[PDB]
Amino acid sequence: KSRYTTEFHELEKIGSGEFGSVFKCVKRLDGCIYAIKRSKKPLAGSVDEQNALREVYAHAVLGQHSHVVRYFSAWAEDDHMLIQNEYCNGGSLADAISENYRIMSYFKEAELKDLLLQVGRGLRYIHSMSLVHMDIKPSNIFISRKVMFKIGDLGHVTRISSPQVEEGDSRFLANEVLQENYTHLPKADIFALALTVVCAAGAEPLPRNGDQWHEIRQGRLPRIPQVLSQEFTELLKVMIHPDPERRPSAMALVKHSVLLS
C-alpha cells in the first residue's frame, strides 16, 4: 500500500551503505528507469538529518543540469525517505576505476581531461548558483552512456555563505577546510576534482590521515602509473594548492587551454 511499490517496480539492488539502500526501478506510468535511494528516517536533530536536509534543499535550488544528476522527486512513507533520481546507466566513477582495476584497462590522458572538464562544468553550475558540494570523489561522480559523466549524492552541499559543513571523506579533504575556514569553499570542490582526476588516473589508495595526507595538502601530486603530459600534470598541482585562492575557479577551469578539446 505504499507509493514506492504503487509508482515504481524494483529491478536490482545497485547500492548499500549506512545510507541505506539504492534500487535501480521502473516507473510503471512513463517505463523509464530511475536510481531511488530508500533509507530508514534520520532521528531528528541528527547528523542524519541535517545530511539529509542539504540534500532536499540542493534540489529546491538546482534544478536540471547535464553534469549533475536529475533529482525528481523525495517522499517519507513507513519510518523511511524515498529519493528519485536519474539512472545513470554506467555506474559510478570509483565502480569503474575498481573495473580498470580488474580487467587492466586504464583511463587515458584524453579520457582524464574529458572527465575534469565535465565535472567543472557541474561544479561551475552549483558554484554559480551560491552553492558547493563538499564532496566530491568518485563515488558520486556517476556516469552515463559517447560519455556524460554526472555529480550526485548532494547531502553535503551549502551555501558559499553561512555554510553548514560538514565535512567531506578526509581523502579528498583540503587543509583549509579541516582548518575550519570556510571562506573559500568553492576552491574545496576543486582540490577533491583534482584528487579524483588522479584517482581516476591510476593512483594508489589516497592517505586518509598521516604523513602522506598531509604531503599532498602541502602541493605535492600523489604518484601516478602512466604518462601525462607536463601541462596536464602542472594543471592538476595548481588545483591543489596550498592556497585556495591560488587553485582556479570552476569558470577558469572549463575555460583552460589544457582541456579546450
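Residue numbers count along the first chain shown, from 1. Rigid core: the largest C-alpha set superposing within 1.5 Å between the two forms. First, how it differs from the form deposited in another entry.
In a rigid core superposition between these two forms, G63 is the single residue of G63, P205, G210, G31 whose Cα is displaced by 2 Å or more. Remark: with the core as the superposition reference, the CA shift of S105 between these two forms reaches 2 Å or more. With the core held fixed between these two forms, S162 has its Cα displaced by at least 2 Å. With the core superposed, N51 shows a C-alpha displacement of at least 2 Å between these two forms.
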The other form holds:
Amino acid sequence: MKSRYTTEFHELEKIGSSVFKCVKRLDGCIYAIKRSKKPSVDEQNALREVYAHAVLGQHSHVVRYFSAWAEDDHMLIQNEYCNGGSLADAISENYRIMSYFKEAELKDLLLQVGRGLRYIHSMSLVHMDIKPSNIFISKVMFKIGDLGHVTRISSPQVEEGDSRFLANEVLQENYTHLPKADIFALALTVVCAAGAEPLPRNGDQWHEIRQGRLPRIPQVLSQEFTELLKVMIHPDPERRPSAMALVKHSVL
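Return the form deposited in another entry of this protein as a structure block, the form deposited in one PDB entry having already been given.
There are no partners or other molecules in what follows, just the one chain.
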C-alpha cells in the first residue's frame, strides 16, 4: 500500500456511510473525502459526478471540488468540508425540540439554494437529487452537494432521485422540463425545514402533494411565501418558476 489517500491525508472521523473528515498533511486544511468501490454503465455514472464537480467549482452555493483519483478497487473524491453538517441533521434536531426555521430563515435557504441551482442550470446541467441530506451548511451558508445524479438538461436518459422529493413528470419519464424537477424538490426541501412531518415515499399522500397540495406546516407563514411554495410544486412544470425567476422573486 501507501495509498495517495494514506500518505497525503490524516483521517479524523467517518461522517457518512463512506465519507471521512480528513486533514491534508501538506496544506493543513480539512476536506471531506468520499471513498467508494470502483465500478460499465455504473462507471459512466460515477464519472459524471467527477465531470459535474470539475465544471461546478466556482460557486458559493455549490460544494467545491479539489481532486478525485482512483487506487485499488477504489474511487476517491476530495471536496470542501462543511462544518455545519447537512440540513437533514439540522431539521431532525429542530423536530426534536419543536423549534423550526422561521420565515426569514426559510427565505434565506430558498434564495441561497436557488442561486446554486441557477448556476447549475446555466451550465446546462440539472442536479436531479435535491433534498436536505444533499444540502450542507457552513451568516449560515447553504451549499448543494452530492452531484451523483447530475446530468445534462436535454438528457434522454435520467437516473431518478429520492422518491419523497421526486416530481411526477420525471416518474412518468417526461424529461422535457428537467430543470423544473429541481424546482419541485427545492420547495419540498423548504417544507421540511419549516417543520412538516417526514414526506411520504408513496401511497395516497405522495399523490396529493403531486396534485399540488402543500403538506401541513406547523407554523404561520405569509400568504405570499406560501403562494410561492405552492406554485413551485404545481403539477404543470411550465408553471413552476425557473431558478432565474425564483432568485428575482419579490417575496425574496
